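One chain comes next, on its own, written out as structure tokens in the form deposited in one PDB entry.
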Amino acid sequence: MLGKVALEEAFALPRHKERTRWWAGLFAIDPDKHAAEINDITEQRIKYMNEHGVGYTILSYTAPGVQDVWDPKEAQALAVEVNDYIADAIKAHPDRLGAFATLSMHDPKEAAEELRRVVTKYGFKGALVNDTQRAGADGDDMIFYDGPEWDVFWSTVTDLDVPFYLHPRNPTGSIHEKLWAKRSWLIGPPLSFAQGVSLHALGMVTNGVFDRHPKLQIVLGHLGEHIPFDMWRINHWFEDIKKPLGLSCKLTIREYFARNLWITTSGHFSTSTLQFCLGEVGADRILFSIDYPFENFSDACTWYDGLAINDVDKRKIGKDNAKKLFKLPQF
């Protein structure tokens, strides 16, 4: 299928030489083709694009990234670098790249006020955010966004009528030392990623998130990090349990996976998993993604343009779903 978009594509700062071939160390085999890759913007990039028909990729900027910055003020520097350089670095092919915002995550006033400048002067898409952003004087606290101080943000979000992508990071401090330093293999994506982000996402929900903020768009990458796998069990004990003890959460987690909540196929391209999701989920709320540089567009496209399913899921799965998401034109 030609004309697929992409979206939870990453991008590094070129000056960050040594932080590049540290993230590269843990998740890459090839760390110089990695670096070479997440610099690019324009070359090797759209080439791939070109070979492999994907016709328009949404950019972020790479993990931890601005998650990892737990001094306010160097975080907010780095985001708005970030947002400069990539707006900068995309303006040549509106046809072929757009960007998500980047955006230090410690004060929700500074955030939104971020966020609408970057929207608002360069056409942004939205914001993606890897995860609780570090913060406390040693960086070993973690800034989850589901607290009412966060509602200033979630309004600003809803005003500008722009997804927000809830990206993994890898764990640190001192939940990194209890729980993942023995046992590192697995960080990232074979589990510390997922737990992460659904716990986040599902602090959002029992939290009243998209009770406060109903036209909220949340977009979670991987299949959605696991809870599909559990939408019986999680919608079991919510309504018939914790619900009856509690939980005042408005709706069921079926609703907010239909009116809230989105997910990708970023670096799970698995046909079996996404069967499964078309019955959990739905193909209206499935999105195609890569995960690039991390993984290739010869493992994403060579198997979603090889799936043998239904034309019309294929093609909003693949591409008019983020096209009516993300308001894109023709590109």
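Numbering follows the first chain given and starts at 1. Each form is matched to the other, and the largest set of C-alpha atoms that superpose within 1.5 Å is called the rigid core. First, how it differs from the form deposited in another entry.
Core-based superposition between the two forms leaves all of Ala77, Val152, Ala92, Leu186 but one with CA shifts under 2 Å; the exception is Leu186. Once both forms are overlaid on the rigid core, the distance between the two CA positions of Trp23 between the two forms is 2 angstroms or more. Once both forms are fitted on their rigid core, the CA atom of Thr120 lies less than 2 Å apart between the two forms. The rigid-core alignment places the CA of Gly136 less than 2 Å apart between the two forms.
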Given for the second form:
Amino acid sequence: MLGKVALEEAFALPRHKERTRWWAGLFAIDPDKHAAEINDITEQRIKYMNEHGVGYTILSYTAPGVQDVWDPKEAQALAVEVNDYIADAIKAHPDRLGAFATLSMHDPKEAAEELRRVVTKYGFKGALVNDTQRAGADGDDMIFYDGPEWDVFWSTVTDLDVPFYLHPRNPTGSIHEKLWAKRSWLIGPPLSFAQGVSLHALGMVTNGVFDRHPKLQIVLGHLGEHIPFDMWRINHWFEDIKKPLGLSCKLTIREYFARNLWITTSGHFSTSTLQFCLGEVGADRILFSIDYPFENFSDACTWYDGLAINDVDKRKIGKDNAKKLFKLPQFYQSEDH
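Just the form deposited in one PDB entry so far, so send over the form deposited in another entry.
FYI, this one's just the chain on its own, none of its partners or other molecules.
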């Protein structure tokens, strides 16, 4: 299928080339090719899109990104640097590339202003944030975004009417735990097995962020970070246990999934799991995505192009859902192969 859209697609800053290529060696083989790909915006990356039937991708700053930076002043500047960087690097190809805002999430009103700056001036499609914001004098605390003081940020998000993509971040736990994770081949991307996004997304639900922002759109990767697998358990926990003891979120977990959540196929090229999510989530709330360059175009689009599912859902998931959700340009698919 031609004209696909992907939106968990990462880039890094050229001035970090050496930091970046170091981390690439601890992730996958061929770190030279992956480091070059995650720095490239307009050459191989678009070549890959042409060869694999992808009309358009939305780019995001690679994790941990700004959410790893605990000094507020330094985090804000990096967000501005990154946003100005990527807006400029993609300007010539509006039919192939959009960008999500990178943000400092230290202060609710600083974050809302920077989203407004770059959405208004650059036409960014939303925000991609790598879970909680590291904070504290030496980064030992974290900032959650579901408290009442974040209402001002979510109202900016719905006012701009752009979605918010909640991407994983390497968990910051014990010394013993990180060393065990590294020695056990279980740490890092694309797996992100230790991720806290699924818990944090349930927090936004239980703390009413979607009751106060019923039009808010949050996007989850990895086909929903296993939440659809626990839909029954989560429903049971709300309706039968927690709501009876005081939990006041107005709707059911399935109603929030119908109004406020989206899942992408980032790094999850599973026909069986996708078909399972047709039941638990539905084709109308599922977005194709690759997680390039941690995943390669070929694995993602070979899989998706070959999906033996009904035509309407295959188009909705492959491109027509994102085309509307991210207000893609009409005739964007006339610039491919």
